[PDB]
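We begin with a single chain expressed as structure tokens, specifically the form deposited without this ligand.
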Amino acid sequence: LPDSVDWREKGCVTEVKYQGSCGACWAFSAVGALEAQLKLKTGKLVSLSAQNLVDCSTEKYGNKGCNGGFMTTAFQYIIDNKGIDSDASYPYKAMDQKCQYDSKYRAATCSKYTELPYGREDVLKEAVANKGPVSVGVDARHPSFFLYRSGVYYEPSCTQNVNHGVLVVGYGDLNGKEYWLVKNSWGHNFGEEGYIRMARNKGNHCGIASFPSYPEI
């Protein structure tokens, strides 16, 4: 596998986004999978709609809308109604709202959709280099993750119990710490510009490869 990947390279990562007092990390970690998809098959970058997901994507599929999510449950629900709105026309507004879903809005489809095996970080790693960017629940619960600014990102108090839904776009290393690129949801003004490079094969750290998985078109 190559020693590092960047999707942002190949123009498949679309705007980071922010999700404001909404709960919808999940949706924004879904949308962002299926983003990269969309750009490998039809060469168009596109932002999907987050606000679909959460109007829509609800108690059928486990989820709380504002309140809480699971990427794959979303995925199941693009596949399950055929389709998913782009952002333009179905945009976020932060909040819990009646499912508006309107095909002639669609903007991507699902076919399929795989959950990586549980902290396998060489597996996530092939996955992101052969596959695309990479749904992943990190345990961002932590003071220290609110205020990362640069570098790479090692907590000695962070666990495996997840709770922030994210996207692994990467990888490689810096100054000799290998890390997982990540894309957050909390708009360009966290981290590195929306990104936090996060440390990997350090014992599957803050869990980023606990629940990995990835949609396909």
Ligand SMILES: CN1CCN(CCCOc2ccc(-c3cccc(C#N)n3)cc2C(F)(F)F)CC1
The other form holds:
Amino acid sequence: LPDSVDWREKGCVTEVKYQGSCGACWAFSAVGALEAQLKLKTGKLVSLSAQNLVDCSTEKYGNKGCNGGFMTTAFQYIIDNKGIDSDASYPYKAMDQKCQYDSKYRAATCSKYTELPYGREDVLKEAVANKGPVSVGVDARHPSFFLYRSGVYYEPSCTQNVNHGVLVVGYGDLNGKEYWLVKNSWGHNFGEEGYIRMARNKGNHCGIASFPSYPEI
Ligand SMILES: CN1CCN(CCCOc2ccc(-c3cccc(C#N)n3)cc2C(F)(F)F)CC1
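Output the structure of the form deposited with this ligand bound; the preceding block shows the form deposited without this ligand.
Every chain and every other molecule in the complex is listed next, the one we just looked at coming first.
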């Protein structure tokens, strides 16, 4: 495997999104993973509708819209629904709404998804290198995560109990200190202009390898 990977260099990551006061992190994580697969399959980089997930991947999928949800059950909605709309046709409103999916605005499909084994950062590394960006949950319930500005993030009070959906778009090392490159959905001013580099091979730090998944078109 390569020592470092960055999927932004490969034209597979869209601009950073801003979830606002709506807990749609899981929707943004899910769409981000699919966006990479869509580029790999079709040649087009297109932001997909997180709002479509918030509004439509609801009770039947065990999701709670702006009060949280799962990337895995989001992918299964896209599979069952036979499509997801573009962000352009179904833009983000940071609120729970009635489902407004229309197949006339379909931008991607999903055929399957894969959930990686619990806590295996080596299996995660392999998937990031060979398959694409991987949706993950992290423990983001610490002020240090909010206040993060730069470098490799390490929080000694972090747990493996995950509560925030993000996307691993790469990995590497900062002067030997190994990290995962994570795309957040907290706007362009969070962390390193939307991104956080999180400690890698530090005992599943903040639960980053607790619940990884990726979709396929
Ligand atoms: C330590 N620095 C203070 C000034 N900061 C200036 C840039 C702004 O920093 C932030 C950006 C987003 C968030 C944030 C937190 C939860 C949800 C969402 C959503 N959606 N955005 C928080 C901060 C914040 F907590 F840090 F303010 C950077 C961090």
